[PDB]
Structure formats: structure tokens, C-alpha cells
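Undergrad: The primary structure of each chain is shown beneath.
Number of protein chains: 2
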Amino acid sequence: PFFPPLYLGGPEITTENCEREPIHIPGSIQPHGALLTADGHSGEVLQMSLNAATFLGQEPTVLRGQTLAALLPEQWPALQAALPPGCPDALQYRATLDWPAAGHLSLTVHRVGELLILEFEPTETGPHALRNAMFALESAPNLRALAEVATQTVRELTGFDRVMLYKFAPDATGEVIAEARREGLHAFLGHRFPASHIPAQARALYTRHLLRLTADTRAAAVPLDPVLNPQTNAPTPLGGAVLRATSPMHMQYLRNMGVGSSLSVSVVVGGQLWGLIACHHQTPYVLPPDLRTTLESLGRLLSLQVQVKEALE
Amino acid sequence: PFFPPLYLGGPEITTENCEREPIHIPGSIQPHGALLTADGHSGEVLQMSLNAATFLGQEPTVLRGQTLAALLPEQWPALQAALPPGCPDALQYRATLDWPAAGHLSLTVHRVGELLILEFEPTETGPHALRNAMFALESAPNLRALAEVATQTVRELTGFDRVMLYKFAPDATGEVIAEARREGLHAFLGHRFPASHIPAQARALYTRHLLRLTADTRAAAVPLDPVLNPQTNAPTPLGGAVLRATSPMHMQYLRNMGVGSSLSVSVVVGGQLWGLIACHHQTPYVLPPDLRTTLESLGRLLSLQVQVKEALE
Ligand SMILES: *C/C=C1/C(=C/c2[nH]c(/C=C3[NH+]=C(/C=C4\NC(=O)C(C=C)=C4C)C(C)=C\3CCC(=O)O)c(CCC(=O)O)c2C)NC(=O)[C@H]1C
Ligand SMILES: *C/C=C1/C(=C/c2[nH]c(/C=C3[NH+]=C(/C=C4\NC(=O)C(C=C)=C4C)C(C)=C\3CCC(=O)O)c(CCC(=O)O)c2C)NC(=O)[C@H]1C
Numbered sequence: 007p008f009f010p011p012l013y014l015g016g017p018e019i020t021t022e023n024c025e026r027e028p029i030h031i032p033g034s035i036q037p038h039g040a041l042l043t044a045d046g047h048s049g050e051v052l053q054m055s056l057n058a059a060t061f062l063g064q065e066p067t068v069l070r071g072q073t074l075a076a077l078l079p080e081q082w083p084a085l086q087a088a089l090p091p092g093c094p095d096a097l098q099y100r101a102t103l104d105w106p107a108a109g110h111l112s113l114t115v116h117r118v119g120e121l122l123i124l125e126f127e128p129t130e135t136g137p138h139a140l141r142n143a144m145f146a147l148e149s150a151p152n153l154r155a156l157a158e159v160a161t162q163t164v165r166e167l168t169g170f171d172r173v174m175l176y177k178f179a180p181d182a183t184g185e186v187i188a189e190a191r192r193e194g195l196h197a198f199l200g201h202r203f204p205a206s207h208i209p210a211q212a213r214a215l216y217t218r219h220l221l222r223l224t225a226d227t228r229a230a231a232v233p234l235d236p237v238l239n240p241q242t243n244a245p246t247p248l249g250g251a252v253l254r255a256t257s258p259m260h261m262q263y264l265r266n267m268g269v270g271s272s273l274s275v276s277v278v279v280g281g282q283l284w285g286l287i288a289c290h291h292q293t294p295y296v297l298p299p300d301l302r303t304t305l306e307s308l309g310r311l312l313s314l315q316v317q318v319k320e321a322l323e
Numbered sequence: 007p008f009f010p011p012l013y014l015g016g017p018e019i020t021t022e023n024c025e026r027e028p029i030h031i032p033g034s035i036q037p038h039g040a041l042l043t044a045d046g047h048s049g050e051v052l053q054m055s056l057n058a059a060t061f062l063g064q065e066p067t068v069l070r071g072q073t074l075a076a077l078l079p080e081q082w083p084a085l086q087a088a089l090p091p092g093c094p095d096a097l098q099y100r101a102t103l104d105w106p107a108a109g110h111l112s113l114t115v116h117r118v119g120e121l122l123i124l125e126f127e128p129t130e135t136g137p138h139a140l141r142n143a144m145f146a147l148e149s150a151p152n153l154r155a156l157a158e159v160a161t162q163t164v165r166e167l168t169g170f171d172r173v174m175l176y177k178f179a180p181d182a183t184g185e186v187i188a189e190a191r192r193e194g195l196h197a198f199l200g201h202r203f204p205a206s207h208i209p210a211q212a213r214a215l216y217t218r219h220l221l222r223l224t225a226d227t228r229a230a231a232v233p234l235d236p237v238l239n240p241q242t243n244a245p246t247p248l249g250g251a252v253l254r255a256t257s258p259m260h261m262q263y264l265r266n267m268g269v270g271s272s273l274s275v276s277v278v279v280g281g282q283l284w285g286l287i288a289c290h291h292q293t294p295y296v297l298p299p300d301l302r303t304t305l306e307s308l309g310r311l312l313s314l315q316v317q318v319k320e321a322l323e
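The listed protein sequences correspond, in order, to chains A and A'. A prime marks a further copy of an entry chain.
Heads up: the first sequence is residues 7 to 130, 135 to 323, going by the deposited numbering.
Heads up: the second sequence is residues 7 to 130, 135 to 323, going by the deposited numbering.
Fair warning: there could be bad hints in the mix.
To spell it out: a stretch of chain A' is covered by chain A in this simulated footprint if at least three of its residues, at any positions, have a beta carbon under 8 Å from a beta carbon of chain A; those stretches are [what the hints assert, rightly or not]: (1) 89 to 101; (2) 140 to 151; (3) 242 to 254.
Distance windows between CB atoms, simulated [to be verified]: (4) A:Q241 - A':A150: 26 to 34 Å; (5) A':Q64 - A:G194: 45 to 53 Å; (6) A':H207 - A:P106: 51 to 59 Å; (7) A':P7 - A:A108: 39 to 47 Å; (8) A':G280 - A:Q162: 18 to 26 Å; (9) A:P94 - A':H47: 48 to 56 Å; (10) A':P83 - A:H201: 32 to 40 Å; (11) A':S206 - A:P94: 39 to 47 Å; (12) A:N23 - A':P83: 50 to 58 Å; (13) A:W82 - A':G109: 26 to 34 Å; (14) A:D104 - A':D45: 39 to 47 Å.
Calculated directly from the structure, the hints in this document are not laboratory data.
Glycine is no exception: its CB is placed at the ideal position from the N, C-alpha and C atoms.
Just need the whole structure built from these sequences, with the hints factored in.
TA: So this is what it looks like as C-alpha cells:
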């Protein structure tokens, strides 16, 4: 069971009490994007990240309380129809928007209960990157080859300095069973780590929401304002949002290992977390949203490939 | 065993001898695109579709014999490295090019032996269209729901007037086991058709090359010039090229049914052709290349979903 978050009086996290960090409701996002929350019926913007004006151009009073119909006239109908009430919180609506700064602005929306959650992030491969990846994965003759091709493909698509396939045992310990990495990196292949390293609430979350990342492992989180959802007077659930602030405890872990940027995709087999495609980069790194989607798609393929090959082997 | 094609003295196809039509080497393409073939080592353009100048702007003598290095300076290195000798003929290199006509020009390249085959077609959704489709497919509780969600998803992505899941029995007859269609269309759900309707050489081809289409079921094919590959003095294999001319026999079948446009993706399970996602539209229709890729990706997911669910059921 969760502690309250730090902003509701909850205690600071330590190595004893880390299984109980409410990692899904940090009340803050990562600084490479902005986030808004809005009413699912009326489209009124209820919360905003304090950096919203940097990405959107409007002010924290000009936005807060306004309707998405007024803010995003072209997207609102399509968005509302894509994410109707009662839908899965994993369902997403994505669109590209123009802004005064060069390039585009990616918008990704999901719904959790009565709330819509809108994530904005800059954008400046595709479906065909994946399509060649599928062939690679499909022709692999055994699980070892599959695991290897999987990590080699992901690294080719992403440029990540380390890409690992991390498989869980029934006791929640994990083993790096395949690894693609930059020449000269110290190898993690075959190493096992304790269950505590990806604690129980994280694993549970990773079964429902299949991709998470830390763009910059020393970047300070940007709070949401107001911190609590006015609909509920409870914390906003950020589990389905990639801009969700990462556990400081995990960021510390990453920095200690010399990791500037991190990303993992879940491999989920029979509704169980089977393992992770776990990636590191030496520097801060923002993976473009369309590459992330591709990775999610690859995770679901690998999950099925694994399920099939494990049944035959 | 195949007849020679019509341009090597082979006989015209009839309802008796249709299992033997060399559908993989028509020596011609569909008119909504252009095609070139080039040497895999030197990049010299060896064959061209007679309509090449319409899509490329150069003349049939200015192109024929020129190197891709000279014609596509930006793509040639990446292309050559993506498709090295000995690779699978299903592997593809895709890029977008600019041209004097509005919009882009899509280039798709594959290699068969010593030959590179370049397909050019106009372009004026994505990876995230697929990503929501995967969720739909994944949550289906049984094969019937899977089949239905599959056809409903494909139709949503494509707008096709009829989308069918067509499952083969061991005798090569097929049954439409799920169907999404425009309101008021006559239903094919549950109907069985004879093995002759998708003859043996077609099924064999569909096991290796997983998507084919007829953009316009009364459009006349555009020949390749020279018709034979100068490397081999034999026909050019067009099995891996979507612009490949469709069997006139099949086009006739389509027109008789009132189908202006057709597309199917293979569902391949344990190296066997399990069925097809088979689509019709009332009018001529060019599906954008990035939507086609997405469909291919969906076919490979459905194949795995089917394999897993059939093992459990
Ligand atoms: C006392 C708490 C601890 C702790 C908490 C923690 N860890 C995560 C998330 C992850 N931990 C991961 C572990 C590894 N990455 C590696 O490279 C290796 C080994 C080579 C390991 C064992 C991983 C992969 C994750 C997933 C996130 C990612 O991909 O970066 C969380 C949850 C983070 C979040 O989602 O906010 C938490 C709370 N880890 C510990 O080691 C102890 C100190
Ligand atoms: C004597 C030869 C015949 C013949 C040849 C033929 N058929 C195909 C390809 C296809 N036939 C298909 C059959 C159907 N489409 C449907 O909608 C239904 C039923 C509702 C059926 C039975 C299909 C789906 C294909 C795949 C191509 C596509 O998706 O359009 C070929 C090969 C075409 C090519 O790839 O060039 C050939 C040679 N069909 C006959 O009925 C007899 C006359």
C-alpha cells in the first residue's frame, strides 16, 4: 500500500520504504514537455504544469479554466470521439500541432476516469522501421537469437548506448538475457539483480502502462498547478503519461551508474510482466514520440513471439 | 509449374489453366506508380516502366544506363547498405523524395538476387494508428472477437468498404470468418469459396510476399522496358513489388463482383498461409504506402495472436 506523496504530508523515501513510494502520482512532470489536464465532458483545463507558457505561449491564467474547444478547435472533436467515457486509460489520441518555435509540437492525450490528460512535447524511421524489425524478430530460430535480434533491433532504431532484455523469475529477481551495446561498455549480460531494484508497485504499474522513461536523470521535476485534481480533490494519476516525473530514488540509481537517460518497454505475457526492454544512454536524450510508439509496438510483438516460442521450446 | 509469360510465347490464361499463370513475372506494373530495376553492385538502371518519365521527369534514354549514385545521390549509400547482397528479398528500404509535382514521391526498394527494384509512387494514421489497433486485438477474449476486432480495425484505418478475414482449410478452400463492411453491402460472412479462387501459385507467393493490391481493377498495365532483365536474360521477378501487375483473370473476377479496388495481407502461421485479410472498395483507391506498411504489421500481429489463441482454445 502507498504512502501519501510528499505534497500530502507523506514521508521521504529511503531504501527501507521504497516499495511504497506513490510513483504514479508525483504531482509533477519532466521538463522537456508540458502537461495539461481537462474535464472529459466540458473540456475545461483544470491543471497545468508550471512550464506550460514556455511550450504553449499563453499564461497560467489565460489557459486554466479555458475549454479545449477554444484552445484546440481542430483537435477537440476528434479527440473527444477517440477517448469517450469508460474507455481504457491506455488508449491514446495523438496529433501534431504548429507553434511559434521551429518544428512541430506533439500532442498525446489519454483519459483516466473523468479526466483527460494532454502531453505536449517538441518534435525536431516511422512505421517501416518497425516493419523490417518484425522480419528480424520472426526469423530468429530460438529464444537466444530472438532476444539478441530484439536488443540489436531496438538499439539500431534508437541509437541507445545500452539495450538489454531483462527477464523476471517468479521471485521478481531479473536477469539480463540479451544485450546490445556500444563498443567498450562494461557488459551486463547474464547478470542478475534483486527484486528490490524494480520494486513491486513499479512492476504492477509496468503491467498496465507499457513504456516509461527519464529523458534527463538530473533534471528537476516541474510541478502541476493546482497539484490536486479539482474533480476529486485527490492526486492526478500520471501512470499513463510518459512525462510523469520519475522516482528520485531511481534517478539517483541511474546517475550513480553513469546513465544520463533511460527508457524501458514492458514485455507482458498472459497478463504477467515477463521482462523489460531496458535502455540507457550516456547523455540526456529525448526519444521522438513516434519512435517510442514503434518501440511499444515492438514490445507487443516480442511478447507474442516469446509466448509462442516458449510454448514450443 | 509455370507457363511462360505472354511475352515469351506463353498461352493465354483460361479457367482450365489458371493455376499455371506466372503471376510473379508479368513484365509490367500498375499505372499509379513507376518502377526501375538497377544493378546491385554498380547501381546502373537496367529496366524502366514505360511511364517512368511521367513520375520522374527524365527521359527513357537519360535514365536507362545511369547510376543510382547519380540519380539518387542522397539515398544511394543508405540504400546500398540497407539492402546488401544475400539479404531477404522481403527486406525493404523506404524514403520520401521531392519532385516538380505537388506533395512527395515515395520510394520503396527491395533486392532480388543481383537486382535492386525501385518503386516510385505519389503521396498526397502512422505508427500510432497501429498502436491503438494492437490494444484492440490484444483484449479480444476469443477467436471470434479477435477476428471481428481485426476486420473492424483494418476498416477503420483504411476506409475500405469491405474487410474480410478469410481462413483456409487444409484443402485450400476458404471461409470468411469475420467481416466489417459498409452499411447495406451484401454480406459474405460465413461463405466458403473453392481452392481455385486463390490458386496454388498465388497462395505460395502469398506465403513469402505478404501484401498485394489492385489499385484500379480496370487500369491497363504499363510494361517494363526492356521486358527481360539484362543480367539474366530472363523475366524480372516482381513478387516483392506492390506495383506488380495483377493477373487479368483476377481483375476480371473483381470487376464482375463490382470491385474497383482490392488489397489483401497474408496471415502466416508456422510458415503456412493461414488466411488473408481481404479488402474491397467500390472505386479505384490507392492506399498510401505508410498505411500499407501498418497493415502488414497488423497482419504479423494477428498471425501471432491467432497462433497463441488457437493453441489455448
Ligand atoms: C529502494 C528503491 C529502489 C529502486 C526503486 C525503483 N526502481 C525503479 C525503476 C526501475 N529500476 C530498474 C532497474 C534496472 N535498470 C538497470 O539497468 C538494471 C540493471 C543493469 C536494473 C536492475 C529499471 C529497469 C526500472 C525501470 C525504469 C527505467 O527503465 O528506467 C522505480 C520506478 C521508476 C518510475 O517508473 O518512476 C523505482 C521506484 N531501485 C533500486 O535499486 C532501489 C534503490
Ligand atoms: C482461374 C483462375 C481464377 C482465379 C485466379 C486468381 N485469383 C487471385 C487472387 C485472389 N483471389 C481472391 C479471392 C477472393 N476475393 C474475394 O473477395 C473472395 C470471396 C468473397 C475470394 C474467393 C483473393 C482474395 C485474391 C488475392 C488478391 C487480392 O487480395 O485481390 C490470383 C492472383 C492475383 C495476383 O496476385 O496477381 C489469381 C491468379 N480466381 C478465380 O476465381 C478463378 C477464375
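Undergrad: Each of the hints needs a verdict: does it hold here or not?
TA: Comparing the hints with the structure gives:
Here the region 89 to 101 of chain A' counts 5 residues with a CB under 8 Å from a CB of chain A, which clears the bar of 3, and the coverage holds. Closer than 8 Å: that is the beta-carbon criterion, and the region 140 to 151 of chain A' has 7 residues meeting it against chain A, so the requirement of 3 holds. Remark: the region 242 to 254 of chain A' is not confirmed as covered by chain A, as 0 of its residues place a Cβ nearer than 8 Å to a Cβ of that chain, below the required three. Look at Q241 (chain A) against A150 (chain A'): about 32 Å separates their beta carbons, and that is inside 26 to 34 Å.
Taking 45 to 53 Å as the suggested C-beta distance range, the pair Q64 (chain A') and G194 (chain A) conforms, at roughly 47 Å. Judged by the Cβ atoms, the range 51 to 59 Å given for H207 (chain A') and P106 (chain A) holds: they are separated by roughly 58 Å. Here the CB-CB span from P7 (chain A') to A108 (chain A) is close to 60 Å, at odds with the stated 39 to 47 Å. For the hinted restraint 18 to 26 Å between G280 (chain A') and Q162 (chain A), the CB-CB distance of approximately 24 Å keeps it satisfied.
The hinted range of 48 to 56 Å is satisfied by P94 (chain A) and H47 (chain A'), whose Cβ atoms lie roughly 51 Å apart. For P83 (chain A') paired with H201 (chain A), a C-beta distance near 38 Å keeps the hint of 32 to 40 Å intact. About 43 Å separates the C-beta atoms of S206 (chain A') and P94 (chain A), a value consistent with the hinted range of 39 to 47 Å. A hinted range of 50 to 58 Å for the beta carbons of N23 (chain A) and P83 (chain A') is consistent with their spacing of about 55 Å.
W82 (chain A) and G109 (chain A') have their C-beta atoms about 28 Å apart, which keeps the hinted 26 to 34 Å range intact. Between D104 (chain A) and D45 (chain A') the beta carbon distance is about 44 Å. The supplied range of 39 to 47 Å therefore holds.
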